[PDB]
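Shown next as structure tokens: one chain only, the form deposited without the ligand.
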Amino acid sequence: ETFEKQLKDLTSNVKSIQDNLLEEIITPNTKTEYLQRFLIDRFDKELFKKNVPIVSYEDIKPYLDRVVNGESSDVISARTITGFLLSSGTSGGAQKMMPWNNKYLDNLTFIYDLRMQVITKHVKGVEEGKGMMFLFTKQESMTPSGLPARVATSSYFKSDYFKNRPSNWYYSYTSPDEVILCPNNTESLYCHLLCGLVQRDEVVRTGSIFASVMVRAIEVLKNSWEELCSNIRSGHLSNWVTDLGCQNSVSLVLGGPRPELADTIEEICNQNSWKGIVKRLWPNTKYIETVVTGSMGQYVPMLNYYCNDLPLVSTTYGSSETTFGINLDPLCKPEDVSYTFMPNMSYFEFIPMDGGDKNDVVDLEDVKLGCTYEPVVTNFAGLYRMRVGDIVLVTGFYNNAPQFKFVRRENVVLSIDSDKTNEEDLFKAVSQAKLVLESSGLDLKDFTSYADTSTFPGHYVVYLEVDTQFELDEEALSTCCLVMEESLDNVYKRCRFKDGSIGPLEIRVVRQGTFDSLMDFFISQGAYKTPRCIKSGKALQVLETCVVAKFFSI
């Protein structure tokens, strides 16, 4: 009742909700130093549109730095900045810091409740069970202001919005809160699975924010099931888990020896093939809740294999700037997933990214079917007309609310997990290898790359065509791998050296003429610059036939 109406109101009243939101945002902010600069002295949409510049992160980083260093929030926001969000996006190798306050949590939990309703409208059999949700709290990074920088969901978990969350199936997990709150994710992932297994009959949903993490959970399961079952059998958690909260809370889940349940799970895990393993271990699971769009699409085949084509439900599109909105057709196929922006989240504008829309910038209500755009965000934390760097495509309309397929993050050439390595990053990394090559009597002719997920964990593959005896200097080429990795950003390093979600960077040295042949291949397809990443399977086949040596970082 209330919900059908709530969604009707949100999606029919788009222009006026957006315009009221803008006014709500701008009015108290006229006296901030940032807006004073552009003479926004009263609210007026036309003046905001004429005088407030559309900016990139780098344009306004100087203002952000000052707040990070302890200066008054009102440099940019009359609503007090009480923390920051650590973006997966980076600047000079360091994670971007976006301003944050409780409004972010009000939006987030609003979105959680809305999508909960969307899911329950379309999926039956969930209200009595729990979810085995692979949820992780990360470590924060203190800023000189005394305000912490956290990743988005951690800013939620480390708050009473989470601790005092609603008491219903959607917020009920097989893992104790202590597990979710444990900053050691090697330990918390292990515990997630153990708790999941002990309470396997109650599991009606499983998932994680992103598909990569769901895949890693299953792979870790495949690598740990013997140990997990030993804990279940004895009723004791392995000694190696150090986190006191995990020890205490998981001890209670376990309760005592469960040899019989251990036998049951071992029998399942001992089968010939891991196919359908998630459904076999968790037979009451109704769906998998995880983002399968953007670069996460690469994990869809693996997920279907492990999950016996249980529905993959991809609910939410969001960022460090703002949550955007949700998938109002949760049971659609991963390739047809679009996200309906919610007009109460932030004020949204769009920069056309093809010829289909000749305007310079357009409101949410005005985006055209079939056109791509870059979202531009004005939020409740001191970001005004901020370009987001994602490309989206309008695929439809729910009432008056446009629905958007996520196309890509612009410039990104390599992404396995949370890492997002852009073309510039790659060029820098390759540049370091070049120095190594020069220092060993070689030079680099050309290069390209590829995100390999054919094995776990996934890793970056870089093809190098070198030029000047019986053998390649393996020490030098190994060193090339190392310097490339070392030039990458903190997010890659965390995944690689702490999460183990990314494996050693691999260099594949290719034969003389490889990249000339590559060029021949592409122009035979119709076509020039060597692409900096390859996503065509045929081109990839061409490269592979050219490989003469393989090296790995470490």
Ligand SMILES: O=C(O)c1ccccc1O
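Residue numbers count along the first chain shown, from 1. Take the two forms, find the largest set of C-alpha atoms that superpose within 1.5 Å, and that set is the rigid core. Compared with the form deposited with the ligand bound:
- Looking at CA displacements between these two forms with the core superposed, a shift of 2 Å or more is confined, among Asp59, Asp520, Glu486, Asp44, to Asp520.
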Second form
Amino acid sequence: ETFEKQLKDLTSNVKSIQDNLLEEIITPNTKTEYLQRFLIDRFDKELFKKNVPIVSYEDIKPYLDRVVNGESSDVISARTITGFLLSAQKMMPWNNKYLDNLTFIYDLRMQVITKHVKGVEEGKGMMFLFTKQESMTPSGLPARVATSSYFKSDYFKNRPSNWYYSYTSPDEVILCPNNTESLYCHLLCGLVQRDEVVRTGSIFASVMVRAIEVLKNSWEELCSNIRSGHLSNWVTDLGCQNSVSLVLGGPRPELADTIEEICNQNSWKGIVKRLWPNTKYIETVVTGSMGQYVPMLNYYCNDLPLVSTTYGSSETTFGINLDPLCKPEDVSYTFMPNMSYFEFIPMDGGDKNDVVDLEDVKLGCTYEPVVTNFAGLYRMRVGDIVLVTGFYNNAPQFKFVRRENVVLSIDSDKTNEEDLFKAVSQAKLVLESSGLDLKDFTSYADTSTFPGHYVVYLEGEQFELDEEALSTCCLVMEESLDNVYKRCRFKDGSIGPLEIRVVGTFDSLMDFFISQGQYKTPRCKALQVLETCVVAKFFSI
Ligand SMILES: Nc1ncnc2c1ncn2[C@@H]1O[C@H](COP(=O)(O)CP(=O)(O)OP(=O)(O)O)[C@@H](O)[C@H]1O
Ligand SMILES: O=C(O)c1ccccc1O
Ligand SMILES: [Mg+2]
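Given the form deposited without the ligand, state the structure of the form deposited with the ligand bound.
The next block holds the full complex; its first chain is the one shown before.
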């Protein structure tokens, strides 16, 4: 009752609260070096739109680094920057207004969920929530990933006491920095209290999959812990030791025999549903690139709804999905006007404007969002493309389409098409030194097996094919990847060895581009013919 009303109020005078919100942001911030440079000496919208440039991270990074290294927040924000968010790797400024906003959305999405999902209030979530450790900055302020700034905060520790915030995992397991340990412990605790599990998931679908893969590879050992009442010794985190011990409590040979039997069936089909029969849905994002995990999650889960709830970034949370048990391709996020002041740059002829406000976007037009927040970012380009699909009252509904500049992404890692071409060029110089000359390049992401990875097709005085000289390539291609990438390749254990598949098959593919539609090389049916044109495969290590 209150819900329908709250959401009605919130989607209705959108123009208003967005101006009021702009007002709240700018006014204190006439005090900042950054706004003083653009002559913003009072609150004025048009003046703001006139003088404040629309920027990218590179443009403002010189400001953000000064705060990173210890200058006053006031260079960019009059609200103290109390920390940073990690996406080299980039650092967005951050304060508790992010957590105010995040928890507002958590509360809003829980209301949406129970409104659509029968019987969720009568159990616990097995959530694979992970705390990653903070880098420190010279200013002395921590840098954390988005969810981690939430966990290492009282917004989590003192979170509401009710179904949506009740997990089968003690908080020590969620807050453990070693995710190898804590993923195991998630699975152990979830198994021990398996009847109470009415939902499961993670922030993104790749973690759901990795969790099911760890389960497949660790179930024997999980049951031995359940049999003995003892956690496996290798888990060192003291918090996991004590807390997951109280959960085990004692020997459970009976419950171990029970789960051993479910796992031992021929097929892993619907294994999730068989170990956790009261599960009603999987709460994990499967929009954007994450949609490629849908077939394999539907395999393991027996076509349980995959609910994608939220759209968000380090700049801001944008909004939520108000039709949660719809299909991934049909998902739209209804931006929430109390988060940040949103603007939008048209990306098709549908909107011939230079830039437009939230309440001004046109139906069926595509746009790159533009964020102004409560932590020092002003008119910052987000680098997503969204499509306007509809309107809840006066609040628009967006399809997430694409990330403006990417080639491949198999997890947390974002490998821009520039950091991708940092390999087509990079390792080539050493093919050059031995009697080889590169021909072409193009990348794909494989989800044939877990862990997926990056697919890459490359092109007298002998007989077989050279290995020593060209297996180095793949291993020095990787060295060109980002930090967020490598982390997942090894420590998250979410990606395998990178690889190349040797295939004049790109003067041939060039005709496979006029065949369906001046033409320059691409960043990411097509494959059946390209798949064929290969003679060998190699690994890096
Ligand atoms: N529900 C969702 N659906 C589809 N994409 C989502 C999403 N939630 C987040 N994302 C994607 O993840 C991005 C925000 O993540 P961040 O926390 O900023 C790490 P990043 O993507 O590496 O940032 P960067 O590419 O700007 O450096 C969004 O731009 C969006 O592209
Ligand atoms: O669940 C979250 O906290 C979240 C945060 C950022 C982006 C998407 C999300 O679901
Ligand atoms: Mg960005």
